[PDB]
Amino acid sequence: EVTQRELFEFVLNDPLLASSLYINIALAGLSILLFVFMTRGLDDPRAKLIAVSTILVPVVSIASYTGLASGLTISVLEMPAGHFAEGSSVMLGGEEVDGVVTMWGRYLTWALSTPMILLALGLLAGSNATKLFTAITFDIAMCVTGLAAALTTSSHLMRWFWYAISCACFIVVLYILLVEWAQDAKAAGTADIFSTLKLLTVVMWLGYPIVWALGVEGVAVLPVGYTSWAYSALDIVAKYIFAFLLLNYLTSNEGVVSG
Amino acid sequence: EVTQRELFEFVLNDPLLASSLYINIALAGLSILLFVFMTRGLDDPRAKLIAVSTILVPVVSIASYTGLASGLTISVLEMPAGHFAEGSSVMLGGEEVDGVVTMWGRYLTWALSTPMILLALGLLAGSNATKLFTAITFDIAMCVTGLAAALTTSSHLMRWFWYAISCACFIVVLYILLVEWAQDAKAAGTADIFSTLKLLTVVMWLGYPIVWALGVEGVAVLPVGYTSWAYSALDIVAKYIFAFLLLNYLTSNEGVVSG
Amino acid sequence: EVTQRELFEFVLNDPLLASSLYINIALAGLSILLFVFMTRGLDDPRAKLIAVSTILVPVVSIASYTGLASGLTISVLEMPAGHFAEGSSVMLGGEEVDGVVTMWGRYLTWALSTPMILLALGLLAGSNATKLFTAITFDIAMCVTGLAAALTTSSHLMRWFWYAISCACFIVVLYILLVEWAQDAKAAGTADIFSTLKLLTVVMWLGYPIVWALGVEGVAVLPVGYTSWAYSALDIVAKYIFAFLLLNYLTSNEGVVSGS
Ligand SMILES: *C/C=C(C)/C=C/C=C(C)/C=C/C1=C(C)CCCC1(C)C
Ligand SMILES: *C/C=C(C)/C=C/C=C(C)/C=C/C1=C(C)CCCC1(C)C
Ligand SMILES: *C/C=C(C)/C=C/C=C(C)/C=C/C1=C(C)CCCC1(C)C
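Residue numbers (the numbering used here), protein chains in the order written: chain A, 129 to 387; chain B, 129 to 387; chain C, 4 to 263.
Just so you know, the hints here were simulated from the structure itself, not pulled from any lab data.
It cannot be assumed that every hint is accurate.
Stated by the list, open to error - Below, computed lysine-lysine pairings styled on BS3-like, alpha-carbon distance capped at 30 Å:
1) A:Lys314 - C:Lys134
2) B:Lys326 - B:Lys259
3) C:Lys189 - C:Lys201
4) A:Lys259 - A:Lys314
5) B:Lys259 - C:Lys201
6) C:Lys201 - C:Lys134
7) C:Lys134 - C:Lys51
8) B:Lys326 - B:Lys314
9) C:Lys134 - A:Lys259
10) B:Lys314 - C:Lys134
11) C:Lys134 - A:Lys326
12) B:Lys259 - B:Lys314
13) C:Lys51 - B:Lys326
14) A:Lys259 - B:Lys259
15) C:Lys51 - C:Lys201
16) C:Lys134 - C:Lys189
17) C:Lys189 - B:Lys326
18) C:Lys189 - B:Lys314
19) A:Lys326 - B:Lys326
20) C:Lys51 - A:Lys259
21) B:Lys314 - C:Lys51
22) B:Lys326 - A:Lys259
23) A:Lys314 - A:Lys326
24) A:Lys326 - A:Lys259
25) C:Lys189 - C:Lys51
Unchecked claim - Which chain B residues face chain A? A few, computed with CB under 8 Å, are given here:
26) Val130
27) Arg133
28) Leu177
29) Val180
30) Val187
31) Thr194
32) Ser198
33) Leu200
34) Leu373
35) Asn376
As the list claims (entries may be wrong) - Per the computed footprint, the stretches of chain A lying under chain B, defined by three or more beta-carbons under 8 Å from a beta-carbon of chain B, are:
36) 261–273
37) 288–294
38) 321–332
In this text, a Cβ means the ideal position worked out from N, Cα and C, and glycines have one as well.
Produce the entire structure from the sequences given, and follow the hints as far as they go.
Structure (structure tokens):
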């Protein structure tokens with residue numbers, strides 16, 4: 129029933145929500161331009177592979193935020209019986225509607241942006257193909273099951289079941305980052321930079337499942353405008369500054385990553 | 129206008145349909161646990177690539193059956209004039225509605241699980257990249273056109289044309305299995321086990337298009353409760369037992385697949 | 004609401020629109036058969052990789068056109084305020100329905116077919132993995148942001164912003180084709196054939212955003228039936244004849260691209 133235009137207007141009209149989305153369209157767009165400029169001097173192909181994979185992070189991100197701000201990837205869903213937010217209402221302009229604002233566009237595009245973060249990080253750490261494959265596949269599985277959790281309205285139980293399965297996929301990714309690649313990085317001569325990015329990645333990434341559980345999709349203690357800003361803040365660090373730091377290093381150590 | 133909740137409880141109250149789904153959520157989960165412990169000894173990166181791709185099959189499966197059981201990946205569609213299922217009703221409770229229950233969730237996830245089965249088999253057979261690429265791309269095409277056949281409600285003829293395209297992609301896959309990898313496995317010293325898994329695969333996979341044609345998607349001589357169980361049986365073999373036989377071999381012959 | 008059968012019948016009974024779709028289901032089918040027959044003699048794995056990547060182009064295409072003709076991948080969307088097609092009607096079924104017939108199924112399958120055109124071209128040119136990865140990812144982004152633009156009905160400005168993002172991705176692909184692979188083909192020993200296919204591809208691909216801009220999705224100077232024939236005509240060249248020309252070279256020069 130709810131129109132895309134109505135969701136687009138819902139975002140606008142709500143300063144918190146609007147700012148969380150439009151600021152990242154601008155920041156993601158500025159990042160891409162800055163990163164392209166920063167790596168214009170690279171010559172080595174492997175270094176260039178790391179740079180492109182990294183640049184695709186804000187490319188996917190600017191598209192993701194446009195999808196959310198435009199209302200294309202947002203829906204109003206009614207939570208199942210027992211859910212902390214069942215019976216909630218949203219109100220579009222002058223009409224009130226049952227349900228909560230489900231910004232599934234975030235969970236959907238993470239399946240594209242997070243694999244690129246992992247690919248760049250893995251290559252930076254000199255990972256073999258087997259570990260890259262494992263990290264990336266389970267990362268995608270994590271994102272898609274999380275998406276499924278948000279989209280499930282039939283049962284409150286099923287929603288948290290999806291969430292658990294997603295967490296299990298998340299532990300695999302964490303294992304490879306904290307255990308496997310931390311070791312490979314030393315052998316690749318990138319331990320230093322990897323430690324900084326590994327710590328950043330693990331701490332920031334742990335924040336998403338927390339925000340999800342506290343927002344309307346979970347226990348509903350945080351308003352939609354708050355949960356959104358929390359994700360955008362995480363994105364600013366997990367994506368943009370994370371990419372700046374990686375590329376700043378790459379442009380200064382092109383030779384070490386070459387092989 | 130049917131709700132996810134209505135589809136969820138529809139699965140309930142229907143013993144055959146419900147059991148065929150929840151039973152595989154458990155069996156797939158149990159498979160994952162068993163496989164992880166069976167492969168804890170592997171150290172060779174190539175041996176571990178084969179193990180992870182094999183483990184991903186039941187990982188895609190728990191999510192797929194959860195999507196089905198939850199009602200997330202099921203819909204009620206009205207079949208086109210001339211279709212044997214056209215004119216049928218379902219009634220999601222007390223208000224009966226026209227159409228048939230379409231478990232497209234199965235066709236959708238196959239595009240993710242079957243490529244992993246093929247990846248494991250190809251690697252085991254010592255396949256080169258060209259053949260792996262060919263098998264996987266045509267397998268995905270097979271699954272996606274099968275999903276399209278099921279979601280097409282406009283024309284009975286179109287539904288079957290889609291089915292034909294899917295069959296042509298399937299022949300490509302069957303060809304690489306029976307002709308190409310069967311030869312490659314000899315060079316890899318895995319002809320023995322490949323011949324076993326190859327036989328199991330071809331025989332089980334061939335059953336899927338038969339079930340489709342017999343069920344509500346085709347001539348509708350079989351009720352969904354039966355078609356769902358047929359697929360579930362096929363999955364138990366084509367996926368879980370297949371995974372066990374491959375992994376049990378791998379753990380006893382890691383030196384063979386290494387390199 | 005608007006049913007799949009209604010769109011299917013809409014396509015039928017509309018000579019222009021119907022022909023633009025059914026003609027290509029046929030041409031893509033015949034292309035696949037012809038290409039399979041043409042490449043029968045290939046034995047080198049790298050030569051065969053190029054052939055299979057090329058053949059997948061019409062495979063994805065036949066599936067695409069079936070999705071459009073069946074109505075599966077078509078929808079009626081109402082354009083936002085200020086859009087030159089806002090307030091349009093399509094007359095669907097036995098009633099008049101507001102909006103425009105959006106054949107989004109084209110944009111969706113391009114994300115699968117165009118990367119294959121690029122994979123075959125890049126290999127022909129002896130491209131390293133970095134440039135292939137770059138060409139394919141940005142090409143997929145171009146297609147997906149194009150699909151998003153056509154699917155956006157909330158804001159006229161958002162539609163064109165998506166379009167711009169898509170164009171930016173297109174320039175990346177164009178740069179790799181015209182600058183990078185043009186030079187790599189010289190080392191690969193496929194300078195002449197790559198240059199020919201490079202030019203044909205660049206000229207035809209430039210046609211798509213022009214058609215989008217002129218069609219109902221854009222400034223709406225071209226009705227849906229005409230916008231559809233424009234795309235179908237472009238596909239016949241950029242996909243089917245392009246593939247025929249590439250395979251024609253491949254099967255007479257297998258040794259040149261054999262490498263590894
Ligand atoms: C640019 C976005 C990033 C780096 C996103 C990261 C997202 C995650 C680590 C999400 C994890 C989740 C779970 C572990 C449980 C279920 C729900 C999710 C999807 C929020
Ligand atoms: C885990 C699932 C497996 C191994 C599924 C295999 C499925 C197939 C071989 C399906 C084939 C089909 C056709 C050849 C024609 C059209 C309908 C399908 C999708 C049932
Ligand atoms: C078989 C299809 C082919 C070769 C399609 C090519 C399509 C393009 C080059 C599309 C480009 C577009 C833009 C640059 C802007 C936004 C709209 C598009 C998708 C038409």
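Here is how each hint holds up against the structure:
With a CA separation close to 28 Å, the supplied pair A:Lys314 and C:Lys134 stays within the 30 Å bound. Restraint check for B:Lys326 and B:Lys259: the C-alpha separation of about 15 Å stays at or below 30 Å, so the hint holds. Under the criterion of a C-alpha separation no larger than 30 Å, the hint pairing C:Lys189 with C:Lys201 is consistent with the structure, at around 13 Å. Taking the CA atoms of A:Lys259 and A:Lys314, the gap is about 16 Å. The hint holds against a cut of 30 Å.
In summary, the hint linking B:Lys259 to C:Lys201 is supported, as the alpha carbons are separated by about 27 Å, within the 30 Å threshold. At most 30 Å may separate the alpha-carbon atoms for a hinted pair to count; C:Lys201 and C:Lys134 meet this at roughly 15 Å. Between C:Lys134 and C:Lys51 the alpha-carbon distance is near 21 Å, which keeps this suggested pair within the 30 Å criterion. Distance hint between B:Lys326 and B:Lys314 is fulfilled; the C-alpha atoms sit about 13 Å from each other, no more than 30 Å.
With a C-alpha separation of about 23 Å, the suggested pair C:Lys134 and A:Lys259 falls inside the 30 Å cut-off, and the hint holds. For the hint linking B:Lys314 to C:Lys134, the alpha-carbon distance of about 35 Å lies beyond 30 Å, and the restraint is violated. Under the criterion of a C-alpha separation no larger than 30 Å, the hint pairing C:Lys134 with A:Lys326 is consistent with the structure, at around 27 Å. Under the criterion of a C-alpha separation no larger than 30 Å, the hint pairing B:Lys259 with B:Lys314 is consistent with the structure, at around 16 Å.
Pair hint C:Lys51 plus B:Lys326 holds up; C-alpha atoms about 23 Å apart against a cutoff of 30 Å. Distance restraint check for A:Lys259 and B:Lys259: the Cα-Cα separation of roughly 23 Å lies within the 30 Å cut-off, and the hinted pair is therefore satisfied. Distance check on the hinted pair: C:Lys51 and C:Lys201 sit about 20 Å apart at the alpha-carbon level, within 30 Å; holds. For a cut-off of 30 Å, the pair hint linking C:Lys134 to C:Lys189 stands: about 16 Å separates their Cα positions.
Between the alpha carbons of C:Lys189 and B:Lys326 the distance comes to roughly 43 Å, so the proposed pair goes past 30 Å and is violated. For a cut-off of 30 Å, the pair hint linking C:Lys189 to B:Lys314 is broken: about 39 Å separates their Cα positions. With a C-alpha separation of about 41 Å, the suggested pair A:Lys326 and B:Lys326 falls outside the 30 Å cut-off, and the hint is violated. Of the supplied pair hints, the one linking C:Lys51 and A:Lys259 holds, its CA atoms being roughly 29 Å apart against a limit of 30 Å.
For the hint pairing B:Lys314 with C:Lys51, the CA-to-CA distance comes to about 21 Å; that is within 30 Å, so the pair holds. Under the criterion of a C-alpha separation no larger than 30 Å, the hint pairing B:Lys326 with A:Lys259 is consistent with the structure, at around 27 Å. The suggested pairing of A:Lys314 with A:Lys326 holds, with an alpha-carbon distance near 13 Å, which does not exceed 30 Å. As the CA atoms of A:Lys326 and A:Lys259 are separated by approximately 15 Å, the hinted pair is consistent with the 30 Å bound.
Restraint check: the Cα-Cα separation between C:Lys189 and C:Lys51 comes to about 21 Å, which is no more than 30 Å; the hinted pair holds. At a threshold of 8 Å, the smallest CB-CB gap from B:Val130 to chain A is about 11 Å, leaving the interface hint violated. Here the hint on B:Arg133 is kept, as its CB sits about 5 Å from the closest CB of chain A, short of 8 Å. With its C-beta approaching chain A no nearer than about 4 Å, B:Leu177 sits inside the 8 Å limit, and its interface hint holds.
For B:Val180, the interface hint holds, the least distance from its beta-carbon to any beta-carbon of chain A being 5 Å, beneath 8 Å. Taking 8 Å as the C-beta contact cut-off toward chain A, the hint placing B:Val187 at the interface holds, the least distance being around 6 Å. Against a cut-off of 8 Å between C-beta atoms, the interface hint on B:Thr194 holds, since the closest Cβ of chain A lies about 7 Å away. Because the beta carbon of B:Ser198 sits about 4 Å from the nearest beta carbon in chain A, less than 8 Å, this interface hint is met.
Contact between B:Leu200 and chain A, as hinted, is supported at the beta carbon level, the nearest pair being about 5 Å apart and thus within 8 Å. Because the closest C-beta pair between B:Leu373 and chain A is about 22 Å apart, greater than 8 Å, the hint is violated. For B:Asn376, the suggested interface contact is broken, since its CB lies about 20 Å from the closest CB of chain A, more than 8 Å. Against chain B, the region 261–273 of chain A contributes 7 residues with a C-beta closer than 8 Å to a partner C-beta. That satisfies the three-residue criterion, and the hint holds.
For the region 288–294 of chain A, the stated coverage by chain B holds: 3 residues have a C-beta nearer than 8 Å to a C-beta of that chain, and at least 3 were required. Given a C-beta distance limit of less than 8 Å, the hint that chain B covers the region 321–332 of chain A is violated, as 0 residues qualify and 3 are needed.
Of the numbered hints stated above, those contradicted by the structure are hints 10, 17, 18, 19, 26, 34, 35, 38, listed in ascending order.
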